[PDB]
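Asker: Guided by the hints, dock chains H, C, R and L onto chain P, whose structure is given.
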Amino acid sequence: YXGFX
Amino acid sequence: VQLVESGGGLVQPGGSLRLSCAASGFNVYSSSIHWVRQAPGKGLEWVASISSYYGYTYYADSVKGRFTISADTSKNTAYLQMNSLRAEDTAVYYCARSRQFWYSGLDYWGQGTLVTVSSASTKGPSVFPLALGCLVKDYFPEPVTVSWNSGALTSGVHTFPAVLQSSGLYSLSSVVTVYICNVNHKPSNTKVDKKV
Amino acid sequence: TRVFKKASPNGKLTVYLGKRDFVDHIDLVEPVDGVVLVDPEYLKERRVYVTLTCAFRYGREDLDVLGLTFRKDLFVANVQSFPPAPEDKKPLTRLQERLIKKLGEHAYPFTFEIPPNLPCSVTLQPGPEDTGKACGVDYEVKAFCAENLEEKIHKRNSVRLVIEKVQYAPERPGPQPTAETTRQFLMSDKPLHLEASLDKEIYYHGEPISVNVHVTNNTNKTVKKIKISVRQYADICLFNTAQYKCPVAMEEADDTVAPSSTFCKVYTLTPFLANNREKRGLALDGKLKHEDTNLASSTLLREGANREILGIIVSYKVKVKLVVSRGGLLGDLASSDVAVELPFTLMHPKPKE
Amino acid sequence: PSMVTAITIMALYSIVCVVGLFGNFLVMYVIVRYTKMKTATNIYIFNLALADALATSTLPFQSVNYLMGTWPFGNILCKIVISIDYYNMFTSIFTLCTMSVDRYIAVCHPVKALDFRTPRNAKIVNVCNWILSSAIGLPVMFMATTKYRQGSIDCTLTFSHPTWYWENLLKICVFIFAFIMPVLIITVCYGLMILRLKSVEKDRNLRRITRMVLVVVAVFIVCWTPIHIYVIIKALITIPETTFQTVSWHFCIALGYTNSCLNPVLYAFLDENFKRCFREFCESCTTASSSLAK
Amino acid sequence: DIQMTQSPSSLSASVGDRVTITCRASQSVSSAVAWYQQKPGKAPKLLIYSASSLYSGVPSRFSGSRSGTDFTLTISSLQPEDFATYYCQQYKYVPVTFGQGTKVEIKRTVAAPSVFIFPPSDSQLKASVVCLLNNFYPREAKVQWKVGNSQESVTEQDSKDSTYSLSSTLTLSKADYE
Numbered sequence: 001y002x003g004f005x
Numbered sequence: 005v006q007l008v009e010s011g012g013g014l015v016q017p018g019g020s021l022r023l024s025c026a027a028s029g030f031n032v033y034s035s036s037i038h039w040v041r042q043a044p045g046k047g048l049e050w051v052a053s054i055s056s057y058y059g060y061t062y063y064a065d066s067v068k069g070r071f072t073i074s075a076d077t078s079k080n081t082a083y084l085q086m087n088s089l090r091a092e093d094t095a096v097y098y099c100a101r102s103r104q105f106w107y108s109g110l111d112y113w114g115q116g117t118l119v120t121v122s123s124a125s126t127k128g129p130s131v132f133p134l135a148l149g150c151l152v153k154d155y156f157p158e159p160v161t162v163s164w165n166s167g168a169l170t171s172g173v174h175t176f177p178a179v180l181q182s183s184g185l186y187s188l189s190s191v192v193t194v204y205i206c207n208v209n210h211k212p213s214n215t216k217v218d219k220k221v
Numbered sequence: 006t007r008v009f010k011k012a013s014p015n016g017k018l019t020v021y022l023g024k025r026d027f028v029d030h031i032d033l034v035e036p037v038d039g040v041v042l043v044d045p046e047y048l049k050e051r052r053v054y055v056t057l058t059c060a061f062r063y064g065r066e067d068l069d070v071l072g073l074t075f076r077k078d079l080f081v082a083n084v085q086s087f088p089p090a091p092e093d094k095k096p097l098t099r100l101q102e103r104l105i106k107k108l109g110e111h112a113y114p115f116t117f118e119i120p121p122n123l124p125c126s127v128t129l130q131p132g133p134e135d136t137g138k139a140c141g142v143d144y145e146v147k148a149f150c151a152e153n154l155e156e157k158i159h160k161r162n163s164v165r166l167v168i169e170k171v172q173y174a175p176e177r178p179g180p181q182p183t184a185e186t187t188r189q190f191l192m193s194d195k196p197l198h199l200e201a202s203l204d205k206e207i208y209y210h211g212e213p214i215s216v217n218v219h220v221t222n223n224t225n226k227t228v229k230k231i232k233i234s235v236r237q238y239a240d241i242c243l244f245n246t247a248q249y250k251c252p253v254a255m256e257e258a259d260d261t262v263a264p265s266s267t268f269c270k271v272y273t274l275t276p277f278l279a280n281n282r283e284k285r286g287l288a289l290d291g292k293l294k295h296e297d298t299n300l301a302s303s304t305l306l307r308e309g310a311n312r313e314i315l316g317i318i319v320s321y322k323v324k325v326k327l328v329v330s331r332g333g334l335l336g337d338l339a340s341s342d343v344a345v346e347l348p349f350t351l352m353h354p355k356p357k358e
Numbered sequence: 063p064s065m066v067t068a069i070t071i072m073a074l075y076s077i078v079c080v081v082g083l084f085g086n087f088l089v090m091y092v093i094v095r096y097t098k099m100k101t102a103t104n105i106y107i108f109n110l111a112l113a114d115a116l117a118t119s120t121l122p123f124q125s126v127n128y129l130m131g132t133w134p135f136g137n138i139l140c141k142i143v144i145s146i147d148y149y150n151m152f153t154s155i156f157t158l159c160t161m162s163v164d165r166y167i168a169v170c171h172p173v174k175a176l177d178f179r180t181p182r183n184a185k186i187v188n189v190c191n192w193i194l195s196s197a198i199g200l201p202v203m204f205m206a207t208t209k210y211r212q213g214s215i216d217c218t219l220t221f222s223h224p225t226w227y228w229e230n231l232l233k234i235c236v237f238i239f240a241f242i243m244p245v246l247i248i249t250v251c252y253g254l255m256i257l258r259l260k261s262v270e271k272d273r274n275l276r277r278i279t280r281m282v283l284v285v286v287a288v289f290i291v292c293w294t295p296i297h298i299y300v301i302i303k304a305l306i307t308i309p310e311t312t313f314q315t316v317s318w319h320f321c322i323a324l325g326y327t328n329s330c331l332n333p334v335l336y337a338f339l340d341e342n343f344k345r346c347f348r349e350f351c363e364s365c366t367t368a369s370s371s372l373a374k
Numbered sequence: 002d003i004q005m006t007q008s009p010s011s012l013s014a015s016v017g018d019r020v021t022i023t024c025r026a027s028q029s030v031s032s033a034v035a036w037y038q039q040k041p042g043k044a045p046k047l048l049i050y051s052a053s054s055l056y057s058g059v060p061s062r063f064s065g066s067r068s069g070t071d072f073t074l075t076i077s078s079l080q081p082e083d084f085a086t087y088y089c090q091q092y093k094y095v096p097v098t099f100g101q102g103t104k105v106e107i108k109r110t111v112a113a114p115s116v117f118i119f120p121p122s123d124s125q126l127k131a132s133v134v135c136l137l138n139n140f141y142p143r144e145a146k147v148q149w150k151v158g159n160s161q162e163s164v165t166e167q168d169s170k171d172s173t174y175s176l177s178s179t180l181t182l183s184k185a186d187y188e
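Residue numbers (the authors' numbering), protein chains in the order written: chain P, 1 to 5; chain H, 5 to 135, 148 to 194, 204 to 221; chain C, 6 to 358; chain R, 63 to 262, 270 to 351, 363 to 374; chain L, 2 to 127, 131 to 151, 158 to 188.
Same shape as in the complex, but just chain P:
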């Protein structure tokens, strides 16, 4: 995870 926000 880690993307979007």
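Watch out, some of these pointers could steer you wrong.
Straight line, CA to CA, 20 angstroms or less: simulated EDC-like cross-link-like pairs of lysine to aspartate or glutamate [what the hints assert, rightly or not]:
#, chain 1, residue 1, chain 2, residue 2
1, R, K271, C, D67
2, C, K17, C, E35
3, R, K185, C, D69
4, H, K219, L, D123
5, H, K46, L, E144
6, H, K79, C, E256
7, L, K46, H, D111
8, C, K355, H, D111
9, C, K17, R, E363
10, R, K174, C, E313
11, C, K250, C, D240
12, C, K232, C, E346
Covered stretches of chain L, as calculated for chain H (at least 3 residues, CB under 8 angstroms) [said to hold, decoys possible]:
#, segment
13, 18-32
14, 59-70
15, 89-103
By construction, these hints were calculated from the structure, which means they are not laboratory data. Every residue gets a Cβ at the ideal spot worked out from N, C-alpha and C, and that includes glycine.
Answerer: Just chains H, C, R and L, lined up with the frame of chain P:
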């Protein structure tokens, strides 16, 4: 220490039987049970075998699909159900035992039961003299007893084994030489006295 | 008299063994004696060795974990059959002399003295089909031509025979197994008391086992059901030794004992392999290859032996369990268990010669 | 615009995406058709490869979310992507942990492993991992609306509860359940494994096993650590938004997936049965008897 | 399936003579060969197993031996109670096959048959001629047609004179008979 067979008798072709072999002194799990048949005037032919320790079950290629062998372990009994009995199944069936662990031959055998699959019916033996012997014909089924002079000359007579004639009914002969011959058919319970 | 022979895939050397089952007496094991037949012309400078190996397998034949084999070698003994080493002074067995007389002068003997306190041949039945390789202890005789011992040995120039290390029932019977238990639940009144025994100690495979059970239910608490079971315990000793459990036979009678009453009965249970084919990891007697085997025999051990015997150790017990139905002010469906353990020996009788 | 500092991000999200998808497809295909999933290790490797492929399929959506400076797809696409991302990170790491403990009991407890490692038990474990990660995934899916942020349509997570609380709740309960419980389990189990392998040519295999388990745990803690440390740093106090910032915040996100890229090399294409299968894709006499006259 | 061939099919020995029965196996049964003894009207009795091992209680005069796939049962000193049919089973493979059997018989001096002919009685034709060989030896004997297929029956070896007896019946027509 003993095997007792039961369940044999006259059958018709296509019928069924159920032979029981009671084993006394043996454990069905420490011994395997075999059924071996001997045809009239022939050698021993193995039929079936059951091993209750493994649940193994074997049949000869001439009885597969028709004969089924099972065991009631609680009663220490082995059963052989015979269906679709062909005329070539007439024999004497023995139940034998072998050691389950390291089989070393059929140590114990039973007295054997006669299985007859003839299609004929119970008839009476017709007696004919020979001017000095006698011949009994159509004496089905076997056995048939005969004695000269109602038992007087019992030692000096020759009785030949019953031969299955072409019709299926049996035939037998007896002879004595330097009278009267009495013949008894037990399946038909018939006594006939002839004077030659 | 017959002897077993096996040949190398190329057919150069051949190994002869008098027998493939070696009885393991507690004090010592029967030596593995045999002959190897070679040809010195084929062996330009090579030497034929024979090794005896005791191999125990932890799991399945597959690596499938990091690429390693779960197979320990508990015992490896090796000997240089040819050239005949002048160092040793081992004598010649009568069968070895007869084989050397039968074969040419290219027949050379080998002998292996298996040390005591080693496991016998047991194979763990895996239940359903998962692998084509069995799991357990085995003994292997391996003959090979090599320049030195520390060398990858060619598979076409080597014979391997699976041999058997077996044990038979002791000549003298032992004490009759018996067990006692006195149990009270809420210490109301005189307690439940169970006493079980067997008809004898040593049983043979396929032979029925008779358990005489006597219960004095002196309390006010009814017992509903009685389970007799024959259980096989497989102490699979290794690094961090463990123990395996398996109910081999069972008879669950519904005999009830009223409060403050007495009940004596005899239950006959026979352990056989027909109804235990679905139990994974069941100790079987371990035949040579896929064949007709049975439940593994009890492993006999010395009284002051090393408790950490690597491999599988087989034992058998009979558990007699009274399930006493429970319930008081609130009637619950749970129940208590009063059990006794009767150890017994399940072996093969010594063959009669 | 596409300046040399703005293109490296698409380079990362492209090479990582292609290597991950490609490797995971190869290993899933070779497992399903050739090896046929007839073990527990094959079941675990297929499950891990599926989870890794599903996690790495999220990369195109994140790369084009970056370059466009917004999220062009839509509400359903934004939810599916975010839940796939979270769900399959969790499932990837949990399958890593279950495979690690499986190897641990297959090495240290081999006689218990003999009966506790049937393919039925492996199938049960996969289902359990999936259900465990599903519970986390469902809240994430529900709370991932698209807000038309002024100038974008960006796809973020929205917690209409007291916000700065539940967001940090999820941010720390993904840092403990999906970082430190796995880095504990893997390290502990592989340490106990090498201890029991050392407590017994054999040294050559021990050294090979050790060089492989250490590289496994090293690649895990090298890929997954930078982004977690970086999220923690971004959540303590603000950070300036510059070139180094905006290329590092993507290089870290790309290592997070680089783990999923390198898993086939470490677990499948290093396996003994699988190397054989990849290669496929690219004599004993009988015991007789003889007489012995007396 | 293995065929076990016994030789001879029948032999005539005397008390004290050494009797040898040979059993050849088609395939190679290792040592799983048993020898059994059956007397008329009685169940077989195991005599030897493993081709050499004497069964418990069997007299020591019986001995088994093997050479390759050729097994042999030897009775050292034949006794009057050791005259029955001997069978050869092989239990290495399923099915277990038995030999045809060797009937050991007592030996006597050659005897002359007493041929008689009996016509069909008038009470029957209102139809079977019979030829009767009385108290002959040895067993082998032929019948000469004299007035369809004739049925022959032979008794067991006589307990008194160790001799035989044969009777052949034939159903004829009324053309040549009258």
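Asker: Hints first: check each against the structure and report whether it holds.
Answerer: How the hints compare with the structure:
{"no.": "1", "hint": "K271/R - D67/C", "result": "18 angstroms, holds"}
{"no.": "2", "hint": "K17/C - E35/C", "result": "29 angstroms, violated"}
{"no.": "3", "hint": "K185/R - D69/C", "result": "17 angstroms, holds"}
{"no.": "4", "hint": "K219/H - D123/L", "result": "14 angstroms, holds"}
{"no.": "5", "hint": "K46/H - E144/L", "result": "18 angstroms, holds"}
{"no.": "6", "hint": "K79/H - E256/C", "result": "17 angstroms, holds"}
{"no.": "7", "hint": "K46/L - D111/H", "result": "7 angstroms, holds"}
{"no.": "8", "hint": "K355/C - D111/H", "result": "19 angstroms, holds"}
{"no.": "9", "hint": "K17/C - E363/R", "result": "14 angstroms, holds"}
{"no.": "10", "hint": "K174/R - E313/C", "result": "18 angstroms, holds"}
{"no.": "11", "hint": "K250/C - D240/C", "result": "9 angstroms, holds"}
{"no.": "12", "hint": "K232/C - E346/C", "result": "12 angstroms, holds"}
{"no.": "13", "hint": "18-32", "result": "violated (count 0)"}
{"no.": "14", "hint": "59-70", "result": "violated (count 0)"}
{"no.": "15", "hint": "89-103", "result": "holds (count 10)"}
In this structure, the earlier hints numbered 2, 13 and 14 are contradicted, and the remaining ones agree with it.
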